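Heads up, the chain below is alone and in the form deposited in one PDB entry; it's given as C-alpha cells.
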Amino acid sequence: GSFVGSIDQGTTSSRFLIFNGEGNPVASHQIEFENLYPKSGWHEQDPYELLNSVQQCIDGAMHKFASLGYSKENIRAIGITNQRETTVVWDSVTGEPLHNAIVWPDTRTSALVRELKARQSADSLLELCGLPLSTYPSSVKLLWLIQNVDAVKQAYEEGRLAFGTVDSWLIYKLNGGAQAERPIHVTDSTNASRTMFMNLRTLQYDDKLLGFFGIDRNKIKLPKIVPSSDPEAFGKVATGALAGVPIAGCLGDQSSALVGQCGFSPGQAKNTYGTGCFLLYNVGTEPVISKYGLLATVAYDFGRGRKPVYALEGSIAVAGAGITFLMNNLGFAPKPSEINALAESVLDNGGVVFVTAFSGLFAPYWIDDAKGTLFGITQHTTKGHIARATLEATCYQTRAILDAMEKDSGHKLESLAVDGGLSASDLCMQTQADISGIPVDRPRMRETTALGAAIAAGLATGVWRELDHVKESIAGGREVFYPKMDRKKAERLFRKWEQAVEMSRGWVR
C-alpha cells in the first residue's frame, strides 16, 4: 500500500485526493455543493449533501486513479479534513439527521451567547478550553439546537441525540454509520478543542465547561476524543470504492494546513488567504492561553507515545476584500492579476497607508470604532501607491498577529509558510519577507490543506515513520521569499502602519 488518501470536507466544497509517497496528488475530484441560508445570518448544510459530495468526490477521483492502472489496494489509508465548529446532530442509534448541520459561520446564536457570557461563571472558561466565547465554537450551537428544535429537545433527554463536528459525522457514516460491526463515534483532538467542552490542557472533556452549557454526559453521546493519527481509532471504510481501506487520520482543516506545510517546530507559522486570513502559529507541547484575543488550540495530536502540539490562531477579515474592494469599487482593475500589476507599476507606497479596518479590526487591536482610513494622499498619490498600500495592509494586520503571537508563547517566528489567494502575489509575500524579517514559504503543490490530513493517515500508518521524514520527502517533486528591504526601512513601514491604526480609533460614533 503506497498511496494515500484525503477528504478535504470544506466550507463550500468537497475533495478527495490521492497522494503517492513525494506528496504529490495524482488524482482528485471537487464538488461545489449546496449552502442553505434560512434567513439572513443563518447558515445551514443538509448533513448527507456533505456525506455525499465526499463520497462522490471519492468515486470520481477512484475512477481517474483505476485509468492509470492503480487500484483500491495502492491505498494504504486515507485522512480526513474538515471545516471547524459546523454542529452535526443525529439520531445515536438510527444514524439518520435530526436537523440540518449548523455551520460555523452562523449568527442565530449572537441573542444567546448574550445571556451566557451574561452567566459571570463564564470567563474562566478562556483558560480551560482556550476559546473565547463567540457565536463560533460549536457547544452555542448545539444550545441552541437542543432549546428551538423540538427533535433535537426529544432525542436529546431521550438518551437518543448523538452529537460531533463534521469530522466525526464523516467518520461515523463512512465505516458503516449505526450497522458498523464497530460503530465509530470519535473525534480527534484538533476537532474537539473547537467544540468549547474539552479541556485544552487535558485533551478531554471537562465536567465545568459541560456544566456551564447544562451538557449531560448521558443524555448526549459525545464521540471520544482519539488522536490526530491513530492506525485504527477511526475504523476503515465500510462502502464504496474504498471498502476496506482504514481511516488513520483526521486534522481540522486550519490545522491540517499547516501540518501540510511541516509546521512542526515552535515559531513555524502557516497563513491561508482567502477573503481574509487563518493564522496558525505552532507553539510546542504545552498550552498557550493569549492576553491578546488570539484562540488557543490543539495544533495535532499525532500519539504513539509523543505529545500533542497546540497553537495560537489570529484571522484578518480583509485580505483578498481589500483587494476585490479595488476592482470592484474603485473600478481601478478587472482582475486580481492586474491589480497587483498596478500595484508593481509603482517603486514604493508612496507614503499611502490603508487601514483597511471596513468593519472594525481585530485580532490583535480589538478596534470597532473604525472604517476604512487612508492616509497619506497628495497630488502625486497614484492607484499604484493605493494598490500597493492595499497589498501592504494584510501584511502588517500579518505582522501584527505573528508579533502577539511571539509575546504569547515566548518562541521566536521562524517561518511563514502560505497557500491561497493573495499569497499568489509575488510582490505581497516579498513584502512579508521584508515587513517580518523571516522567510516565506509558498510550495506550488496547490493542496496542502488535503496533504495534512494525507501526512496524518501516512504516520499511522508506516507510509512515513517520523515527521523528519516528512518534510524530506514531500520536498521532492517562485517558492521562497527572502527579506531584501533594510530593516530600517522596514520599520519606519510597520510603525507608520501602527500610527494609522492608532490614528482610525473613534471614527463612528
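Residue numbers count along the first chain shown, from 1. The term rigid core refers to the most C-alpha atoms you can superpose between the two forms while keeping them within 1.5 Å. What changes on going to the form deposited in another entry:
After superposition on the rigid core, the C-alpha displacement between these two forms reaches 2 Å or more for just one residue among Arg194, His385, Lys173, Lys270, namely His385.
Core-aligned CA deviation for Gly293 between these two forms: less than 2 Å.
Core-superposed comparison between these two forms: CA of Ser71 displaced by less than 2 Å.
Relative to the superposed core, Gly244 shifts its CA atom by less than 2 Å between these two forms.
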Second form
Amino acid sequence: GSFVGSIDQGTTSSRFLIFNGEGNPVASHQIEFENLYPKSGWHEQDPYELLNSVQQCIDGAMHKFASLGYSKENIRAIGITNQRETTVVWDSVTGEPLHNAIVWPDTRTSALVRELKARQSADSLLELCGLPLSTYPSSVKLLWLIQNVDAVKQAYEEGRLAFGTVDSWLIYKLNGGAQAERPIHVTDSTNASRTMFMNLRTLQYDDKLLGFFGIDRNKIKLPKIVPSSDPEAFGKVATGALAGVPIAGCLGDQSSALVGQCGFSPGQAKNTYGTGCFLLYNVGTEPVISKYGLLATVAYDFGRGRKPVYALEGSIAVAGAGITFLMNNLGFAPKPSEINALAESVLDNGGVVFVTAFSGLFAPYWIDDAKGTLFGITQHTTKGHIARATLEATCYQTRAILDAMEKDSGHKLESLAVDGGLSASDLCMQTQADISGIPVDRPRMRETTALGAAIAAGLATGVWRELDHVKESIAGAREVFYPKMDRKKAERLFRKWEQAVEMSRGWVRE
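Next up, the form deposited in another entry, please; the one we just looked at was the form deposited in one PDB entry.
No partners, no molecules, just the chain.
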C-alpha cells in the first residue's frame, strides 16, 4: 500500500479522506447528518446515524478514488479521528445501542455535576485525570444514563453494558461488532483522557476515579486503552469497500489537528476555529496540571518505545458565532465574506472593543456574571468598526489562553498554526499575528484534522518512520502571517481589551 485513509467523524459532519505519502489528499467525501435536541440544552445523536454517515463517506471517496484508477489494495491503512467525549452505550451481547449518544455539548448533567462537586473527594480529580468536573466529560454523561435510563440500568447490573467514546464505537462496529471473530473494543490514549476515568500519568484506568462516579470495572465493559498508533490493536475493516484494510490510527479530533499541523515540539500550538475555538499546546513528555482552568490532556501516544506526549487545552465559546451574531442578529450582511469586507473597509477598530461574553468568559478569565458588552461607541462608529472588534475579540482571548499556557508550562510559545472557520479570514489571522507577536501558520491543505489520523496510521504501518520523517514529507492563497505592529502598540491594544473585560464584570446580579 502507498496511501492512507482517514475517517473524521465530527459533531455535525463525517468525512473520509485518502492521503498520499506527502500528506496531500487525493480523494474526499463529506456528509452532514442529523443532530437531535429533545429539550433545551439536550443534544443527542443516533449511533447508527454516525456509523452510516462514515460508511457513506468511505463509499463516496472510493468511487472518486476509483475514478483516478486506484483500489483498496493500495490503501495501506486508515486512521480514525472523532468528536471527543460523546458517549455511546451499547449491549455487549448484541452490539446494539441502548440509548442515543449524548454529544459533548449536552448539559442535561448540570444537576448531577453540582452534586458531584459537593463531594470532598472531588478536590483531587483534576490532578489525577487532568480535567475538572463539568457537563462535558464522558463520566458524568454515562453516570446520568445509568441513573436515568432503565435499559441502561438493566444492562449495567446484568453485566452487558458496553461503554465507548465515538472512536471505540466506530472501531467496534467497523470490525463487525458483536457478530465478529476477535471483537475489538478499545480507545486510544487521547480519547480515554477525556472521560475522567483514566490516570493521566499512567494512561491506565484508575479505581479512585471509577469509584468516585460509582462505576464498577467488573460490571461495565470499558474499552481497552491502546496507543494512538498501533498496527494490531484496532483490527481491520471487516466489510464494505474497505474490507480487509487495517485500522491503525486513532486520535481525538483536537489532538489529531495538532498532529496534522506537525506540532510535535514543546511550545508548538494550534487553534481550530468553528463556532468557537479549541486551542492545544504541546508540553512534552511530562503532563502539566493547569493553575488557570486549562485542561491537561494527551496530545498523542505513538508508542514504538517513545514516551507519550501531553498538551494543555483551552477553548473560546464565541469565534464564528460572533460573525453569525453580526449577520443574523444585527443584520450587518448576509454572508461572512461581506462581514470581513466591512471590517477591511475601515482603518482600525475606531476605539470599539467587543467583550463577546455571551455566556460569560472562560479560561483564563472565569467571569460568569458578564454578558456581551460593547465599548467605545460614538456617532462615528460604523459596522466595519464593530466587525473588526468582533474579529479582535477572538484574537485577544486567543492570546489570553496562550499566555496562560506559557505560564502553566514554562515554555515560551514556539509556533501557532490555525485551521478551520475564521482562519480563512486574512484580516483575522493578521490581527492574531499582530496581537501575539508571532508568525501564524495557515496550511493550504484545509483538512488538517483528518491528516492527523492518517499520520497516526502511517506511522504504525511504515509510511513514515519517525516524526522527523512526517515533518519532512508534509513540508516537502497564503500560508504565514507575520506581525506588522509594534509590540508596544500590541500591548496597548491588549490592555484596552483587559480593561473592558474587568469593566464587564458584575453585570448579572443575584
